[PDB]
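All chains should be built: construct the whole structure from the sequences, respecting the hints.
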Amino acid sequence: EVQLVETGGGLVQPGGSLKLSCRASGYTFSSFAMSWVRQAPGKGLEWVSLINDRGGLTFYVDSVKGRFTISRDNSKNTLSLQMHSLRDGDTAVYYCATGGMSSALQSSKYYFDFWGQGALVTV
Amino acid sequence: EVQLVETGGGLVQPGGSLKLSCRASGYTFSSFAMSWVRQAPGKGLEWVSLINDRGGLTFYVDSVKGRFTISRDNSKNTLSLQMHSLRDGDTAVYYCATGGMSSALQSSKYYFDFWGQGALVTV
Amino acid sequence: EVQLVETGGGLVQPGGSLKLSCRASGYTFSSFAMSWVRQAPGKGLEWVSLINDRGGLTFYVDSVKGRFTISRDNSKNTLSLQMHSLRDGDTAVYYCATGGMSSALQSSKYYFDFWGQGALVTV
Amino acid sequence: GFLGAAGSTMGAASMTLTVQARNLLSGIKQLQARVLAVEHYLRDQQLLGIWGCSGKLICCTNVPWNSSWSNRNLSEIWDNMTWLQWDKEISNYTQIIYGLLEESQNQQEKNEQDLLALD
Amino acid sequence: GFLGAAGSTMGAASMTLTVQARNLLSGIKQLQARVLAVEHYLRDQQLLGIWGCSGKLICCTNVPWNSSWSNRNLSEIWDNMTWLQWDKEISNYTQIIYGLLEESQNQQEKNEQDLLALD
Amino acid sequence: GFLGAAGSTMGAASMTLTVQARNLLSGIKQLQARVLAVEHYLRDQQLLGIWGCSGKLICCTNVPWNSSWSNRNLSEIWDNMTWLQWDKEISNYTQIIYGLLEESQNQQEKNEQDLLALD
Amino acid sequence: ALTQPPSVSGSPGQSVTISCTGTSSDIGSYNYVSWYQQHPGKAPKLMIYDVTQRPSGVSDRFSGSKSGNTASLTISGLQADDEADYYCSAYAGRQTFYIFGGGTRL
Amino acid sequence: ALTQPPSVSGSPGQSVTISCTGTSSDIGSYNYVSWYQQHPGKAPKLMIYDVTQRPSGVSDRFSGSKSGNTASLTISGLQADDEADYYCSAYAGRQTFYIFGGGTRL
Amino acid sequence: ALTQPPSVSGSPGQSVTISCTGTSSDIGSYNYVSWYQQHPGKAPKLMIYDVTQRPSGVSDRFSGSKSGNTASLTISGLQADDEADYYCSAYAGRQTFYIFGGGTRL
Ligand SMILES: *[C@@H]1O[C@H](CO)[C@@H](O)[C@H](O)[C@H]1NC(C)=O
Ligand SMILES: *[C@@H]1O[C@H](CO)[C@@H](O)[C@H](O)[C@H]1NC(C)=O
Ligand SMILES: *[C@@H]1O[C@H](CO)[C@@H](O)[C@H](O)[C@H]1NC(C)=O
Ligand SMILES: *[C@@H]1O[C@H](CO)[C@@H](O)[C@H](O)[C@H]1NC(C)=O
Ligand SMILES: *[C@@H]1O[C@H](CO)[C@@H](O)[C@H](O)[C@H]1NC(C)=O
Ligand SMILES: *[C@@H]1O[C@H](CO)[C@@H](O)[C@H](O)[C@H]1NC(C)=O
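Residue numbers (the deposited numbering), protein chains in the order written: chain J, 1 to 52, 52A, 53 to 82, 82A to 82C, 83 to 100, 100A to 100H, 101 to 111; chain K, 1 to 52, 52A, 53 to 82, 82A to 82C, 83 to 100, 100A to 100H, 101 to 111; chain C, 1 to 52, 52A, 53 to 82, 82A to 82C, 83 to 100, 100A to 100H, 101 to 111; chain G, 521 to 546, 572 to 664; chain I, 521 to 546, 572 to 664; chain B, 521 to 546, 572 to 664; chain M, 3 to 9, 11 to 27, 27A to 27C, 28 to 95, 95A to 95B, 96 to 104; chain N, 3 to 9, 11 to 27, 27A to 27C, 28 to 95, 95A to 95B, 96 to 104; chain D, 3 to 9, 11 to 27, 27A to 27C, 28 to 95, 95A to 95B, 96 to 104.
For the record, the hints were derived by calculation from the structure and aren't laboratory data.
Be aware that a few hints might be false.
Below, in silico cross-link-like pairs of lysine to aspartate or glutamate (EDC-like), each with a Cα-Cα straight-line distance of 16 Å or less [as the list claims (entries may be wrong)]: (1) B:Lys601 - I:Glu654; (2) K:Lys100E - G:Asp664; (3) J:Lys43 - J:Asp84; (4) J:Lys100E - B:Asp664; (5) B:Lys601 - I:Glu648; (6) I:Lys601 - G:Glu657; (7) K:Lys43 - N:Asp81.
The following residues of chain C were derived to be distant from chain D, with all beta-carbon distances above 12 Å [unchecked claim]: (8) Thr7; (9) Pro14; (10) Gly16; (11) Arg23; (12) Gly26; (13) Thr28; (14) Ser30; (15) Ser31; (16) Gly54; (17) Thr68; (18) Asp72; (19) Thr77; (20) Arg83; (21) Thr87; (22) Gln100B; (23) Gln105.
Pair by pair, the computed Cβ-Cβ distance ranges are [stated by the list, open to error]: (24) N:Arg94 - J:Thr7: 32 to 38 Å; (25) I:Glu657 - G:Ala662: 20 to 26 Å; (26) J:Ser62 - M:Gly41: 48 to 54 Å; (27) B:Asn616 - D:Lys45: 32 to 38 Å; (28) J:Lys75 - B:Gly521: 56 to 62 Å; (29) B:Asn625 - J:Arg53: 40 to 46 Å; (30) B:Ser528 - J:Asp72: 43 to 49 Å; (31) J:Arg53 - N:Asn31: 39 to 45 Å; (32) I:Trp614 - G:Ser546: 40 to 46 Å; (33) I:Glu621 - D:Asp50: 57 to 63 Å; (34) M:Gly41 - J:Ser17: 35 to 41 Å; (35) N:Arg94 - K:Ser31: 20 to 26 Å.
Where is the CB? At the ideal position from N, CA and C, for every residue including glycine.
As structure tokens, this is what we get:
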């Protein structure tokens, strides 16, 4: 019913930076909160970040709280994540997902409703 | 001058729950804050929980903060404590006591003015 | 252009107390925030405390937060520091310095503009 | 525009509250009309103050929704209904809700007073 | 009931503040009377605002009690006295207390401004 | 004294805001004058409320200074200028600033509402 | 993290349950424990949201439940087409938003 | 916890002191250090409230004091009838309410 | 603390740089990294305030810079008269105000 596609780079050096971006189609982008979830090549997946539908509020997992910036553009229907100081512990496939929050006047979620296929970021 | 009597059960399994209750007589129940204090069979006594006179505010010791619920009923003149996940470290005699707080317009206390005799809870 | 002179005692016993005082001249005392910075005899210097220009707000380094009191008198043009529980780790030369903060309507600083010569406190 | 969102759904309409808030205040009979408008404004501000909402346009409270007042889904209320239809539905329970809000704020103020008493 | 607690002790009487708060606001001479009632209401709300109490009925402050104003025990003031007797006792010091409250709020606002300036 | 700081610099003048705040509120034509004074007072209080400043005299906000409105140094504005000169300089941009303050508060209230929605 | 068995198995047609165990602040206090089905090489798909709900398009074979501080996903009618790595995800609070468990290989 | 001697003793009629030592955030900052007398098999009774006060019904033999960060209970006129396990209790603050010491056997 | 080399040296007239390395919350986020020159037996004097500014009375030989999370002080025209222990000082935030590095002996 919907499409969400990750764009991003590959191998970086430790201490550098990389911006990832996802494009959404098939649903109103501005009506849903968006999150980033990552899975290390040999581990399960974990939550990385959450942005509200308007984009004013952002939340991060502690392991990345001081480096990552999450931003969305509701006119372009895109979600961006700017990562800095990519560490070896940060190597993973990063998925964009629709869900994880609602703006007070909508039914609650606390789940990830739609998923993309994932950008693979290595160090 | 006053009477405060503990009611409760005995041995429980780890991971279970048990509700304790105290009845007060001889003083106005609704005029005093109430606390629970426990003493392990071989140790000294320590504070477990505090409830205000109205009952709206509750405080707990960190070791039980996520399991115990303290509640009072000023029409029945009773104090209840609902405990969950009784651990072996939680085995003790639990005493009800009158004091420990005052509702801003009364002289300060920060002491336990009256004591019951104690319910013995084991695991 | 300015003068700032430390006054204080010398050797104290552990567990005691000592009040230090600095006199300022050549600048308006009430217009600048004041700080205390200390240097152990064999180490570099570190920040100890900060007081605003009016004196209403005080900040301390965690290692002394529960013992030291910083106070200023804008009529006398003096800064005082009352220290308690002088520990062996607190032996140092204590310098008064002008700077470290500004009262919202002044250009920012976050630096120590003027320095005295230092009182030597031992334990 | 003033009341431009009146026919808009509750969700979208809640984004323009400052337009109406500003417009509410902006011979002997005319002077009486001006005094009455001021008294009505102050009655609404006093009522918000009693509930602890003196400085907000969107004020969150501790009073639970009973669901008997209206059992519609949250998405139905905010995405399909207008504020006029909602007011028509809730007017029968408005005084009940206001009484609960006043009692809740009185309890909150007493609880904050007691927390501030702890040293 | 409006002023029903007037003969009640200060402690119990403090639980009904919203009744009087609501009742305070609820020919040329009558219009003047209405304007004066509004002006008095606003003077009291402005005074609370100056003290940083604009949204509360029970507002805690940083001004210490001198004890010269009244040296009664806290239980005597709240459990044995009524609000009328208390006002009769404190009216001689009311302007002093108000001046201290205004100065305390000015100092608090400057201190918050400076804390907000720190980045 | 009322307006005693009018010729004083902005920094020193900001310490006496309560004097003017108290003085602002303290035949048919006179009654109209009193009603108008009340309406103007309420318009200013409503405007502060819209910005989330209902209880403060010195209210900090989230609107950045553009520097095109005035590019003076902070020490020049607060230590050398009076409030009258400053108002003369900013009156051309006052409505722009007020619009930004209203939008910023609306965004803040929506953000707080969403943070409160998280359980 | 949440605790899940590293591996679960059963015969086709069998009812297979996958446990998710957390603490009182994760599964107990918050009834927002979702389940995801991840096929190798693909992104996870949402199977269960809330304790007991299914997104449209997901069959009734996937039935969620919660008891105490332990959540469970029951897959009735086991078939080879539904073999995947399953994950649980719980809402932890405002300071910590989501906690995921380890994958269960089925 | 607060530090108390595990055991104190003396002859009948002797003045016996029981020390209670805490940190600057417990005894020093807050002058709310109470003392309780617990007989074996019974609940504790309040002997001292505040630094220096006695509840009505408690004799003047029990005299409290505080110096620096150390509180003390002096029992004058020691008698066998007053032998009990004594505890100190200090108000710690709003985040932590009360801290009790170990019992002193007398 | 901030990381500085324990010792730096060079010939007179040489451009000598002293590095100050901190974390993202110290040097990176806040562009308030000052430098002080302390002669043995004397209190430190302020050489650099802000990332690039010099107090009046300090010559242009002392040039500050910042890149990423590392601050640097370049002293051109090295002379014996300017040999001193140099320190960096960074603003850490509202909870922690200032962090100083170790002294660099030049
Ligand atoms: C009126 O209803 C239509 C239905 O689609 C909607 O698009 C339009 O925005 C509504 N008017 C307003 C003012 O919202
Ligand atoms: C809801 O309203 C009904 C009718 O007034 C009442 O009986 C019921 O107790 C109310 N429930 C709550 C939760 O307020
Ligand atoms: C009047 O005094 C009596 C004395 O016992 C008291 O019971 C009663 O409640 C008082 N009246 C009010 C309105 O409180
Ligand atoms: C109390 O009032 C008296 C008389 O006005 C004054 O001398 C004294 O300093 C005041 N004390 C305090 C603490 O305000
Ligand atoms: C007027 O200017 C002079 C200039 O020095 C200043 O000292 C004085 O305080 C000013 N007046 C006021 C009311 O501030
Ligand atoms: C400042 O004002 C000018 C003119 O209105 C505008 O073009 C510019 O974008 C503004 N900048 C900011 C940061 O608001």
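Now the hints, each set against the structure:
For the suggested pair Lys601 of chain B and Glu654 of chain I, the alpha carbons sit about 8 Å apart, so the restraint of at most 16 Å is met. Distance check on the hinted pair: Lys100E of chain K and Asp664 of chain G sit about 11 Å apart at the alpha-carbon level, within 16 Å; holds. Restraint check for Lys43 of chain J and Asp84 of chain J: the C-alpha separation of about 14 Å stays at or below 16 Å, so the hint holds. About 11 Å separates the Cα atoms of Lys100E of chain J and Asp664 of chain B, which keeps this hinted pair within 16 Å; it holds.
At most 16 Å may separate the alpha-carbon atoms for a hinted pair to count; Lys601 of chain B and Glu648 of chain I meet this at roughly 14 Å. Distance hint between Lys601 of chain I and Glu657 of chain G is fulfilled; the C-alpha atoms sit about 11 Å from each other, no more than 16 Å. At most 16 Å may separate the alpha-carbon atoms for a hinted pair to count; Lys43 of chain K and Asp81 of chain N exceed this at roughly 23 Å. Distance to chain D confirms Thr7 of chain C as a non-interface residue, since its nearest Cβ pair spans about 15 Å, more than 12 Å.
Its beta-carbon lying about 25 Å from the closest one in chain D, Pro14 of chain C satisfies the requirement of being farther than 12 Å from that chain. Even its closest Cβ contact with chain D, about 26 Å, leaves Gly16 of chain C beyond 12 Å, as expected for a residue assigned away from the interface. Annotated as non-interface, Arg23 of chain C keeps its C-beta farther than 12 Å from every C-beta of chain D; the closest such distance is 15 Å. Distance check on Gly26 of chain C: its Cβ is at least 14 Å (rounded) from any Cβ of chain D, clearing the 12 Å threshold; non-interface status holds.
Distance check on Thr28 of chain C: its Cβ is at least 18 Å (rounded) from any Cβ of chain D, clearing the 12 Å threshold; non-interface status holds. For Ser30 of chain C, the non-interface assignment is confirmed: its Cβ lies about 21 Å from the closest Cβ of chain D, beyond the 12 Å cut-off. At roughly 17 Å, the least C-beta separation between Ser31 of chain C and chain D is larger than 12 Å, which holds for a residue marked as non-interface. No beta-carbon of chain D is positioned within 12 Å of the beta-carbon of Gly54 of chain C; the least distance is around 17 Å.
No Cβ of chain D approaches the Cβ of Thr68 of chain C within 12 Å, the least distance being about 17 Å, so the stated non-interface status holds. Against chain D, the non-interface label of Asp72 of chain C holds: every CB pair exceeds 12 Å, the least being about 22 Å. With 12 Å as the threshold on Cβ separation, the claim that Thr77 of chain C sits away from chain D holds: the shortest Cβ distance comes to roughly 18 Å. Separation of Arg83 of chain C from chain D is adequate, the least Cβ-Cβ distance of about 19 Å exceeding the 12 Å criterion.
No beta-carbon of chain D is positioned within 12 Å of the beta-carbon of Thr87 of chain C; the least distance is around 17 Å. The beta carbon of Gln100B of chain C is kept farther than 12 Å from every beta carbon of chain D, the shortest such distance being approximately 14 Å. Listed as a non-interface residue, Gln105 of chain C fails to keep its Cβ farther than 12 Å from every Cβ of chain D; the least gap is roughly 5 Å. Separated by about 50 Å at the C-beta atoms, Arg94 of chain N and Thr7 of chain J break the suggested range of 32 to 38 Å.
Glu657 of chain I and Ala662 of chain G have their C-beta atoms about 22 Å apart, which keeps the hinted 20 to 26 Å range intact. Evaluation of the 48 to 54 Å hint for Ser62 of chain J and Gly41 of chain M yields a failure: the beta carbon distance comes to about 25 Å. One distance hint, 32 to 38 Å for the beta-carbon pair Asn616 of chain B and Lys45 of chain D, holds here, with the actual separation near 33 Å. A C-beta distance of roughly 58 Å is found between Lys75 of chain J and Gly521 of chain B, which places it inside the suggested range of 56 to 62 Å.
Distance hint check for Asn625 of chain B and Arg53 of chain J: the Cβ-Cβ separation is about 41 Å, which falls inside the suggested range of 40 to 46 Å. For the hinted restraint 43 to 49 Å between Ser528 of chain B and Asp72 of chain J, the CB-CB distance of approximately 48 Å keeps it satisfied. Distance hint check for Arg53 of chain J and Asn31 of chain N: the Cβ-Cβ separation is about 51 Å, which falls outside the suggested range of 39 to 45 Å. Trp614 of chain I and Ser546 of chain G have their C-beta atoms about 44 Å apart, which keeps the hinted 40 to 46 Å range intact.
Look at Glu621 of chain I against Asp50 of chain D: about 59 Å separates their beta carbons, and that is inside 57 to 63 Å. As the Cβ distance of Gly41 of chain M to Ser17 of chain J is approximately 28 Å, the hint placing it in 35 to 41 Å is violated. Between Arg94 of chain N and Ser31 of chain K the beta carbons are some 22 Å apart, a value that agrees with the proposed interval 20 to 26 Å.
Taken one by one, the earlier hints fail for this structure at numbers 7, 23, 24, 26, 31 and 34, listed in ascending order.
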